[PDB]
Amino acid sequence: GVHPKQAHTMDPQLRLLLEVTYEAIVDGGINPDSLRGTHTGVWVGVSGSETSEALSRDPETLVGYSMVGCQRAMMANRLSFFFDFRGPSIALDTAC
Amino acid sequence: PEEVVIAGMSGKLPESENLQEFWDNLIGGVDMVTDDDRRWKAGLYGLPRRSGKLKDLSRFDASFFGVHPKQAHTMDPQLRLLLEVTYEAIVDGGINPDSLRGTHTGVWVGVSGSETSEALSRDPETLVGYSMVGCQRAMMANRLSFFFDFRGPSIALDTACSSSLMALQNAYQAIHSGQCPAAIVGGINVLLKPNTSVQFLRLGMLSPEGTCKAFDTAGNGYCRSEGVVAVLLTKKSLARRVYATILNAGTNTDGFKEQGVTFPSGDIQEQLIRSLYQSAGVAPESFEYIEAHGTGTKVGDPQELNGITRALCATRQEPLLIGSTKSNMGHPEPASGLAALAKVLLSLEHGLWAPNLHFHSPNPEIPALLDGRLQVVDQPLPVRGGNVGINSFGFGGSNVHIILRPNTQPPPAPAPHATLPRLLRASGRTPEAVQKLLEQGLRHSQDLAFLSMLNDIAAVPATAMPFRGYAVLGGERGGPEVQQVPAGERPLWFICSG
Amino acid sequence: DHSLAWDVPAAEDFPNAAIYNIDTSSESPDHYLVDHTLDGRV
Numbered sequence: 066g067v068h069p070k071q072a073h074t075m076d077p078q079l080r081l082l083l084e085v086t087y088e089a090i091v092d093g094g095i096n097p098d099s100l101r102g103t104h105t106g107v108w109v110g111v112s113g114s115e116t117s118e119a120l121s122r123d124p125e126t127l128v129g130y131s132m133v134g135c136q137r138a139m140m141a142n143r144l145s146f147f148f149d150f151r152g153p154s155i156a157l158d159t160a161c
Numbered sequence: 001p002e003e004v005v006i007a008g009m010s011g012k013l014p015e016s017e018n019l020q021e022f023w024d025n026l027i028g029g030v031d032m033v034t035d036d037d038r039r040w041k042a043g044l045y046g047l048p049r050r051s052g053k054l055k056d057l058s059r060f061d062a063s064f065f066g067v068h069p070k071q072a073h074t075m076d077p078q079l080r081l082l083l084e085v086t087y088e089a090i091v092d093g094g095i096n097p098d099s100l101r102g103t104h105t106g107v108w109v110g111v112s113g114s115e116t117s118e119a120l121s122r123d124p125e126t127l128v129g130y131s132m133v134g135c136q137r138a139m140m141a142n143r144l145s146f147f148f149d150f151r152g153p154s155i156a157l158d159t160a161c162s163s164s165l166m167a168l169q170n171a172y173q174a175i176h177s178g179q180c181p182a183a184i185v186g187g188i189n190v191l192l193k194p195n196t197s198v199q200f201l202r203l204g205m206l207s208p209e210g211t212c213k214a215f216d217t218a219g220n221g222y223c224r225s226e227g228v229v230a231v232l233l234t235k236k237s238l239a240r241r242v243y244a245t246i247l248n249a250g251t252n253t254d255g256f257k258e259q260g261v262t263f264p265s266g267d268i269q270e271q272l273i274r275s276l277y278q279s280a281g282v283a284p285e286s287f288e289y290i291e292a293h294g295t296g297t298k299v300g301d302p303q304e305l306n307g308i309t310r311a312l313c314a315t316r317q318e319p320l321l322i323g324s325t326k327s328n329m330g331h332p333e334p335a336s337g338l339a340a341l342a343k344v345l346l347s348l349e350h351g352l353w354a355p356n357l358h359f360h361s362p363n364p365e366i367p368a369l370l371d372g373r374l375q376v377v378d379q380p381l382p383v384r385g386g387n388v389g390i391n392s393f394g395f396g397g398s399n400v401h402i403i404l405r406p407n408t409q410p411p412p413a414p415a416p417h418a419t420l421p422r423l424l425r426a427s428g429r430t431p432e433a434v435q436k437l438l439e440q441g442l443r444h445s446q447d448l449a450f451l452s453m454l455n456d457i458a459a460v461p462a463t464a465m466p467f468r469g470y471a472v473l474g475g476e477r478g479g480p481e482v483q484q485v486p487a488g489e490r491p492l493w494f495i496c497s498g
Numbered sequence: 837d838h839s840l841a842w843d844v845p846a847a848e849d850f851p852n859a860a861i862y863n864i865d866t867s868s869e870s871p872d873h874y875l876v877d878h879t880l881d882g883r884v
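Protein chains in written order, with the deposited numbering: chain A, 66 to 161; chain B, 1 to 498; chain C, 837 to 852, 859 to 884.
Wrong hints could be hidden among the right ones.
To be verified - On the chain C side, residues computed to face chain B include the following (Cβ under 7 Å):
| id | residue |
| --- | --- |
| 1 | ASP837 |
| 2 | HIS838 |
| 3 | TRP842 |
| 4 | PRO845 |
| 5 | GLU848 |
| 6 | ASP849 |
| 7 | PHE850 |
| 8 | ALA859 |
| 9 | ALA860 |
| 10 | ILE864 |
What the hints assert, rightly or not - Per label pair, the in silico range of CB-to-CB distance:
| id | chain 1 | residue 1 | chain 2 | residue 2 | range |
| --- | --- | --- | --- | --- | --- |
| 11 | A | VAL67 | C | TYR862 | 23 to 31 Å |
| 12 | A | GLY94 | B | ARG240 | 18 to 26 Å |
| 13 | C | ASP849 | B | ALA218 | 31 to 39 Å |
| 14 | C | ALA841 | B | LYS41 | 16 to 24 Å |
| 15 | A | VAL67 | B | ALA459 | 54 to 62 Å |
Said to hold, decoys possible - To give an idea of the chain B side of the interface with chain C (calculated C-beta under 7 Å), a few residues:
| id | residue |
| --- | --- |
| 16 | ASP36 |
| 17 | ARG38 |
| 18 | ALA42 |
| 19 | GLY43 |
| 20 | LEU57 |
| 21 | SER58 |
| 22 | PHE65 |
| 23 | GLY66 |
| 24 | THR116 |
| 25 | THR430 |
| 26 | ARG443 |
Please keep in mind that the hints were generated in silico from the structure rather than gathered at the bench. Quick reminder that beta carbons are idealized off the backbone N, C-alpha and C, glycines included.
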């Protein structure tokens with residue numbers, strides 16, 4: 066449910082991570098709809114925001130979508146929003 | 001479990017070089033947002049002119065922290081200011097920092113921007129390697145752990161606008177379960193990349209006037225601000241000075257929202273609030289002041305206050321005081337929570353509730369404000385006494401909420417030893433620091449706890465802090481004495497006269 | 837001891859000679875340029 070224009074401005078990391086997360090959930094034999102509304106948490110360890118730099122480099126043309134799709138904090142909040150997880154959503158940053 | 005208290009606090013905030021000046025601005029009605037040209041030309045790209053900016057960023061005492069000049073020039077200002085503020089905060093609680101060296105103390109830092117690292121990596125050829133060590137996102141906490149020698153966890157978590165309060169909650173969880181005896185929580189945010197402000201403006205969050213008219217009918221959007229705040233948390237058996245006691249601190253995410261990811265949710269926040277002071281065992285009627293998020297948006301404000309009204313106003317008789325520090329000093333994205341906590345703690349210390357600025361007409365969408373149930377602090381109000389609550393809802397969806405029991409320790413009854421003259425010793429980087437410490441001590445000669453706390457921290461090796469001084473308090477022939485301390489150990493010899 | 841002043845990034849240190863990409867795609871904001879056609883070639 067990501068609008069096509071927002072898809073282009075989304076960080077590739079998040080675009081791949083959504084698919085990877087969905088595959089992982091089913092990999093355990095758990096239908097995702099079962100977890101909807103629970104207190105499942107989402108911890109994501111990321112130490113890079115290169116996409117944000119590229120998209121936010123032109124003030125006259127940069128659009129507001131990029132912030133929602135590229136912000137480092139959004140890496141976990143996007144997953145929580147899509148899968149409807151009411152648990153904590155954090156984005157650790159310790160390197161390596 | 002074990003009691004968790006907020007031992008110390010300190011930091012820099014817009015138009016305020018320290019916490020005392022911050023409080024002076026808060027209670028004096030001075031607006032901290034400014035229309036200056038420090039960070040960038042006013043009105044660039046159509047951005048709002050007003051913004052909360054620190055007084056100075058190019059100051060750092062590298063030699064004390066053992067950072068060589070070449071490496072210092074490439075350090076993120078956030079990191080330098082955080083080092084200084086953390087050291088200031090640790091002593092604020094009366095704890096000598098050396099006492100924690102080698103302990104299992106943990107560090108959590110809420111940082112949401114790394115513009116400096118991006119700037120320093122511009123030219124592939126010119127850039128130097130040690131630039132990353134001082135600018136990397138994770139290095140914000142690891143540098144603190146390295147310098148102060150903390151063996152506990154060292155994390156830097158973004159969690160959007162609730163980074164600071166999220167870190168505080170994580171530290172509370174760590175201490176509560178016995179994992180760590182003490183923790184350092186910090187929130188840092190600086191404005192250096194105008195493109196970020198342009199992004200926010202295009203998203204529509206920023207208000208053209210640049211004023212966070214919290215709870216008011218004219219709410220448009222918040223104004224970006226800067227701040228650096230650090231707080232020291234310890235188990236009660238270790239704290240010397242206790243600002244308050246953390247009864248509970250929880251977290252939860254809004255989950256799926258039909259309106260959109262950025263659209264705030266009220267029901268989730270109400271559920272979080274109810275679960276917190278239910279599991280904490282506290283009754284709603286104990287609350288005396290709730291520091292609402294108060295961003296100033298047209299949708300966020302009605303959502304959260306309505307949620308607070310359902311959560312805490314269901315059965316209480318007298319009105320519940322409400323406030324939002326973001327109307328005074330703008331909105332620092334990651335450091336928002338810690339700034340509100342600092343305002344709350346300062347108000348509790350001084351016994352007065354700092355007023356709220358730019359509030360003239362209540363928002364019609366909020367029934368409580370029109371009614372008497374919910375009351376905004378539009379002017380100084382004496383502290384009657386009760387539990388307090390702080391919440392911070394990041395625009396991503398993360399929600400954080402904590403409950404504090406303010407410390408109420410009446411001054412001790414007079415004792416004969418109070419009349420006895422006392423000794424005060426101080427150590428500083430420069431003679432001005434030592435003289436300042438001695439003057440403040442003299443002004444408060446009758447505060448035994450203050451004198452003891454000052455004495456405890458002054459014990460620092462001469463190499464680090466080369467200026468030492470002392471002053472006898474309560475003695476008529478008492479004049480402050482200061483002089484440089486020669487380095488190197490010196491033997492001590494007794495002579496027993498005849 | 838704040839005698840010294842250290843470096844701090846300036847406004848111009850971040851991006852913003860100029861290069862413009864003209865895209866006639868339907869989604870591109872410059873889609874209207876497809877109307878200005880002379881001799882059957884835009």
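May I ask you to test the interface hint for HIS838 (chain C) with respect to chain B, counting a Cβ-Cβ separation under 7 Å as satisfied?
holds (4 Å)
Holds or violated: is the Cβ of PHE65 (chain B) closer than 7 Å to a Cβ in chain C?
violated (11 Å)
Outcome for the supplied range 54 to 62 Å, where the beta carbon pair is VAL67 (chain A) and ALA459 (chain B):
Given about 59 Å between the Cβ atoms, the range holds.
Holds or violated: is there a CB of chain B closer than 7 Å to the CB of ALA860 (chain C)?
Interface hint status for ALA860 (chain C): violated (15 Å vs cutoff 7 Å).
How about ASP849 (chain C): closest beta carbon in chain B under 7 Å, or not?
Status holds, d = 5 Å.
Do the beta carbons of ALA841 (chain C) and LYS41 (chain B) sit within 16 to 24 Å of each other?
Given about 22 Å between the Cβ atoms, the range holds.
Taking the least C-beta to C-beta distance, is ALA859 (chain C) closer than 7 Å to chain B?
violated (17 Å)
For the hint on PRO845 (chain C), just tell me whether its beta-carbon gets within less than 7 Å of chain B.
Where the cut-off is 7 Å and the nearest Cβ of chain B is about 4 Å from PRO845 (chain C), the hint holds.
Given a hinted range of 31 to 39 Å, is it respected by the beta-carbon distance of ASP849 (chain C) and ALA218 (chain B)?
holds (36 Å)
Does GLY66 (chain B) meet its interface restraint, that is, does its C-beta lie within less than 7 Å of any C-beta in chain C?
Given a least distance of 13 Å, the restraint on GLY66 (chain B) is violated.
Restraint outcome when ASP36 (chain B) is required to lie within 7 Å of chain C by C-beta distance
Status violated, d = 13 Å.
When the least beta-carbon distance from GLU848 (chain C) to chain B is tested against 7 Å, hint result:
Status violated, d = 9 Å.
In the structure shown, a violation is registered for the earlier hints numbered 5, 8, 9, 10, 12, 16, 17, 18, 19, 22, 23, 26, in ascending order.
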